[PDB]
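Here's the letter readout for the chains.
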Amino acid sequence: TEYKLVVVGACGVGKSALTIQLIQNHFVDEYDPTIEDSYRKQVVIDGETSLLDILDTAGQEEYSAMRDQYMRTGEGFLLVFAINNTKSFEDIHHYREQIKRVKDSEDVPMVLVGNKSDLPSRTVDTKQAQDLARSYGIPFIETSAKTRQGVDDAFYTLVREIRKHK
Amino acid sequence: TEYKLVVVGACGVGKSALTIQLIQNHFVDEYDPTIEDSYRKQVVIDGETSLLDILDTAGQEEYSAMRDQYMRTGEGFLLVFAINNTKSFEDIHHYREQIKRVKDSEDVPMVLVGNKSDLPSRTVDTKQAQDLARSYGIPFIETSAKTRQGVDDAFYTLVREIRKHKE
Ligand SMILES: *[C@@H](CN)C(=O)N1CCN(c2ncnc3c(F)c(-c4c(C)ccc5[nH]ncc45)c(Cl)cc23)CC1
Ligand SMILES: *[C@H](CN)C(=O)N1CCN(c2ncnc3c(F)c(-c4c(C)ccc5[nH]ncc45)c(Cl)cc23)CC1
Ligand SMILES: Nc1nc2c(ncn2[C@@H]2O[C@H](COP(=O)(O)OP(=O)(O)O)[C@@H](O)[C@H]2O)c(=O)[nH]1
Ligand SMILES: Nc1nc2c(ncn2[C@@H]2O[C@H](COP(=O)(O)OP(=O)(O)O)[C@@H](O)[C@H]2O)c(=O)[nH]1
Ligand SMILES: [Ca+2]
Ligand SMILES: [Ca+2]
Ligand SMILES: [Ca+2]
Ligand SMILES: [Ca+2]
Ligand SMILES: [Ca+2]
Ligand SMILES: [Ca+2]
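Top line first, the protein sequences correspond to chains A and B. Just so we're aligned: the first sequence equals residues 2 to 167 in PDB author numbering. Just so we're aligned: the second sequence equals residues 2 to 168 in PDB author numbering.
Chain A on its own, in the form it takes in the complex:
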């Protein structure tokens, strides 16, 4: 059983750092922001094995038919913001709207991810994120790509959501 996971979020929230931690078990500082690539990983979650095809999104603020079609192939999405970046949290609503748009307003598997939780420079309250995740009906996971806090949990939780949805 193979699932296409897509990691989305504003520039600089930690999409690549989170993915590379998951796949390669190290923290990359300031990874090339133009590289969009897909990673493969076999996992066991709740005793059951799944193969993940994980798209680490990168590119410009723009839309197109082919990008719509490509994102439509995603089966679950990590909505990543950074806890020290209010704009990236406000953007989450836009990411969800565009994902639902291209997937016919399906109840798409999604996990809200609050990254950079190691930092003391918080601007988004945990309560705000929990309330937002509650409104959307999705889990919220606090992560740090730097310390690896929550990294496996974020991706594993998204797989749990895909399984529930299937």
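Simulated from the structure, these hints should not be mistaken for laboratory data. Note that CB positions come from ideal geometry on N, CA and C, so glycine has one too. A hint or two may mislead.
Stated by the list, open to error - Just so you have them, the derived chain A footprint on chain B, three or more residues with Cβ under 8 angstroms:
id, segment
1, 6-14
2, 18-24
Claimed, not checked - Label-pair ranges, simulated between beta-carbon atoms:
id, chain 1, residue 1, chain 2, residue 2, range
3, B, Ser106, A, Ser122, 20 to 26 angstroms
4, B, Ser39, A, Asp105, 50 to 56 angstroms
5, A, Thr127, B, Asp119, 38 to 44 angstroms
6, A, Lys42, B, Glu98, 31 to 37 angstroms
7, B, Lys42, A, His95, 40 to 46 angstroms
8, A, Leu52, B, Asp105, 33 to 39 angstroms
9, B, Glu31, A, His95, 25 to 31 angstroms
10, B, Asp153, A, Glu3, 41 to 47 angstroms
11, B, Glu31, A, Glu91, 24 to 30 angstroms
12, B, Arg135, A, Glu3, 45 to 51 angstroms
13, A, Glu91, B, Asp33, 47 to 53 angstroms
14, A, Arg41, B, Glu98, 40 to 46 angstroms
15, A, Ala59, B, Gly48, 31 to 37 angstroms
16, A, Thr74, B, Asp105, 32 to 38 angstroms
What the hints assert, rightly or not - Computed far set for chain B versus chain A, every beta-carbon distance over 12 angstroms:
id, residue
17, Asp69
18, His95
19, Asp105
20, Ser118
21, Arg164
Following the hints, complete the assembly by docking chain B with the ligands onto the known chain A.
Chain B with the ligands alone, transformed into the frame defined by chain A:
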């Protein structure tokens, strides 16, 4: 000719005040933020008469398939920001991208409108908006719905843009 004009922009930038000034020649200190309505007006621009149907957009930050097809009926778009609201200027990119998406075109008739020019507490430099409009290939008009400065010119300029695009 009959042209559908659509007024877009962030909450509070003056979309309704601009439209009501154009149509009814007065300034509203406050107007219900949920009312989205269309207004008609016959005008003569550059010696030629046109019938304008002006959609004053209001509502929530959400997409719907019917919303896409409604916006698709627009033939030209006013991108309104407020010159004392940096965030409303930063949002202009998003509005333009959504218009291009539903029109499936990069050459949609548009005018960039910097409203509330009467205020002294500017936070968006005029050159920054001029440079943005240049990169978009569209006109930039400074307006005040309060004093009526630029109001006719914003809508008339959009009609000129539509005319240039249809021919
Ligand atoms: C930093 C400036 N470079 C910045 O904030 N962003 C934000 C958006 N970014 C982004 N990169 C790659 N891919 C996408 C993307 F596919 C979409 C998207 C979605 C989620 C659904 C449907 C879409 N149709 N076209 C694009 C679509 C979005 Cl919203 C943003 C993407 C990084 C740059
Ligand atoms: C208020 C709270 N901060 C606020 O800023 N907004 C943002 C703008 N909003 C809005 N209201 C009504 N209609 C739209 C709208 F049609 C679109 C839009 C555009 C510009 C192009 C294509 C579209 N397809 N579906 C919707 C489309 C946008 Cl982007 C915003 C709209 C709500 C309140
Ligand atoms: N302190 C801290 N920095 C992070 C974290 N995740 C990513 N970064 C850093 O934030 C910046 C942006 O990360 P990046 O992975 O490139 O974000 P992306 O643009 O969403 O792919 C980099 O300098 C990263 O080193 C984190 O969890 N904690
Ligand atoms: N000083 C000043 N205030 C304006 C102007 N245009 C709109 N407003 C005010 O800004 C607020 C929002 O106007 P409104 O038309 O309701 O914004 P909308 O949400 O974009 O439709 C109102 O209090 C208006 O009176 C302007 O040109 N100058
Ligand atoms: Ca990246
Ligand atoms: Ca749910
Ligand atoms: Ca027409
Ligand atoms: Ca209004
Ligand atoms: Ca909806
Ligand atoms: Ca042009």
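These are the hints, each one checked on the structure:
A stretch counts as covered by a chain when three or more of its residues have a beta carbon under 8 angstroms from one of that chain; for the segment 6-14 of chain B and chain A the count is 0, and the coverage is violated. Using a Cβ-Cβ cut-off of 8 angstroms, 0 residues of the segment 18-24 of chain B lie near chain A, which falls short of the minimum of three, so the contact claim is violated. The given range of 20 to 26 angstroms is broken by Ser106 (chain B) and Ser122 (chain A), whose C-beta atoms sit roughly 42 angstroms from each other. Checked against the given bound of 50 to 56 angstroms, the beta carbons of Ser39 (chain B) and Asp105 (chain A), roughly 29 angstroms apart, lie outside it.
Between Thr127 (chain A) and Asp119 (chain B) the Cβ separation comes to about 42 angstroms, which falls inside the hinted range of 38 to 44 angstroms. A C-beta distance of roughly 33 angstroms is found between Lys42 (chain A) and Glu98 (chain B), which places it inside the suggested range of 31 to 37 angstroms. At about 33 angstroms, the CB distance of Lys42 (chain B) to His95 (chain A) disagrees with the hint of 40 to 46 angstroms. Separated by about 36 angstroms at the C-beta atoms, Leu52 (chain A) and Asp105 (chain B) satisfy the suggested range of 33 to 39 angstroms.
The hinted window of 25 to 31 angstroms between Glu31 (chain B) and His95 (chain A) holds, with their beta carbons roughly 28 angstroms apart. Taking the beta carbon of each, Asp153 (chain B) and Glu3 (chain A) are about 60 angstroms apart, not inside 41 to 47 angstroms as hinted. Hint check: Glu31 (chain B) to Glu91 (chain A), Cβ distance near 25 angstroms, so the stated range 24 to 30 angstroms holds. Between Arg135 (chain B) and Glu3 (chain A) the beta carbons are some 47 angstroms apart, a value that agrees with the proposed interval 45 to 51 angstroms.
Separation of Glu91 (chain A) from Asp33 (chain B) is about 24 angstroms and departs from the stated range, judged on CB atoms against 47 to 53 angstroms. About 32 angstroms separates the C-beta atoms of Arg41 (chain A) and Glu98 (chain B), a value inconsistent with the hinted range of 40 to 46 angstroms. The beta-carbon spacing between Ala59 (chain A) and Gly48 (chain B), approximately 51 angstroms, falls outside the hinted interval of 31 to 37 angstroms. Between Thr74 (chain A) and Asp105 (chain B) the CB atoms are about 21 angstroms apart, so this pair departs from the stated range of 32 to 38 angstroms.
The beta carbon of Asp69 (chain B) is not kept farther than 12 angstroms from every beta carbon of chain A, the shortest such distance being approximately 8 angstroms. A beta-carbon of chain A is positioned within 12 angstroms of the beta-carbon of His95 (chain B); the least distance is around 8 angstroms. Distance check on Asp105 (chain B): its Cβ comes as close as 8 angstroms (rounded) to a Cβ of chain A, failing to clear the 12 angstroms threshold; non-interface status is violated. Against chain A, the non-interface label of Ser118 (chain B) holds: every CB pair exceeds 12 angstroms, the least being about 27 angstroms.
Annotated as non-interface, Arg164 (chain B) keeps its C-beta farther than 12 angstroms from every C-beta of chain A; the closest such distance is 27 angstroms.
Violated hints for the displayed structure, listed by number in ascending order: 1, 2, 3, 4, 7, 10, 13, 14, 15, 16, 17, 18, 19.
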